[PDB]
Amino acid sequence: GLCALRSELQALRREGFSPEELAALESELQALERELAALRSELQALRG
Amino acid sequence: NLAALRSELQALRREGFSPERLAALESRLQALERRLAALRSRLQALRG
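Heads up: the sequence lines are chains B and A, in that order.
In terms of the authors' numbering, the first sequence opens at residue 1 and continues consecutively.
In terms of the authors' numbering, the second sequence opens at residue 1 and continues consecutively.
Hints were generated in silico from the structure; no laboratory data involved.
Beta carbons: idealized from backbone N, C-alpha and C, even for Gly.
It is possible that part of the hints are untrue.
[What the hints assert, rightly or not] Using C-beta positions, here's what the derived DEER-type ranges look like:
#, chain 1, residue 1, chain 2, residue 2, range
1, A, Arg28, B, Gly1, 29 to 37 Å
2, B, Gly16, A, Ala4, 31 to 39 Å
3, B, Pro19, A, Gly16, 46 to 54 Å
[As the list claims (entries may be wrong)] Below, a sample of chain B positions facing chain A; criterion: calculated Cβ distance under 10 Å:
#, residue
4, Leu5
5, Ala11
6, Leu12
7, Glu15
8, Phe17
9, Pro19
10, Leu29
11, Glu35
12, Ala38
13, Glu42
14, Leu46
One chain only, chain B, in its complex shape:
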């Protein structure tokens, strides 16, 4: 799940994977987090 992928990247960073090696994966995860946050705020806006 989103949570597990977040914990997997922390693990990879703990195991010595560098930012250049993970930049594309970390930036994709960040965007999905932010898109999920957006969807939830759209729902609150409808309910509002």
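Position chain A relative to chain B; hints supplied.
Positioned in the frame of chain B, the structure of chain A alone reads:
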């Protein structure tokens, strides 16, 4: 919890809220889920 989000979307639809905004959000949720599983796969290839 994307299942929860889907449940909220369907609840709002039953309650008469903007069917078109809800459709647009459902569409974005599908696209987000496609990228989520694709990211999951890329991480699995690295095998920690």
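| query | Are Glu35/B and chain A close enough, Cβ to Cβ, to be under 10 Å, as the hint says? | reply | holds, 5 Å
| message | Please check whether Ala11/B passes as an interface residue: C-beta within 10 Å of a C-beta belonging to chain A. | response | Check passed: Cβ of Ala11/B comes within 7 Å of chain A, closer than 10 Å.
| query | When you take the CB atoms of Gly16/B and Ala4/A, is the distance between them in 31 to 39 Å? | reply | About 35 Å separates the Cβ atoms of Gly16/B and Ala4/A, which means 31 to 39 Å holds.
| Whether the CB-CB distance between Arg28/A and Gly1/B falls inside 29 to 37 Å | violated, 18 Å
| request: With chain A as the partner, please determine if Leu29/B meets the hint condition of a C-beta pair closer than 10 Å. | output: Check passed: Cβ of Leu29/B comes within 6 Å of chain A, closer than 10 Å.
| Going by Cβ atoms only, is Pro19/B closer than 10 Å to chain A? | violated, 15 Å
| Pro19/B versus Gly16/A beta-carbon gap, inside 46 to 54 Å or not | Check passed, 48 Å falls within 46 to 54 Å.
| If you take the shortest Cβ to Cβ gap from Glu42/B to chain A, is it below 10 Å? | Result: holds, 6 Å to nearest chain A Cβ.
| Restraint check, 10 Å cut-off on beta carbons, for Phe17/B near chain A | holds, 8 Å
| Given hint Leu46/B near chain A, where the shortest CB pair must fall under 10 Å | holds, 5 Å
| Does the nearest C-beta of chain A fall within a distance shorter than 10 Å of the C-beta of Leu12/B? | holds, 7 Å
| field | Per-residue hint verdict: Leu5/B, partner chain A, C-beta under 10 Å | value | Result: holds, 6 Å to nearest chain A Cβ.
Checked against the numbered hints listed earlier, the structure breaks hints 1, 9; every other hint is satisfied.
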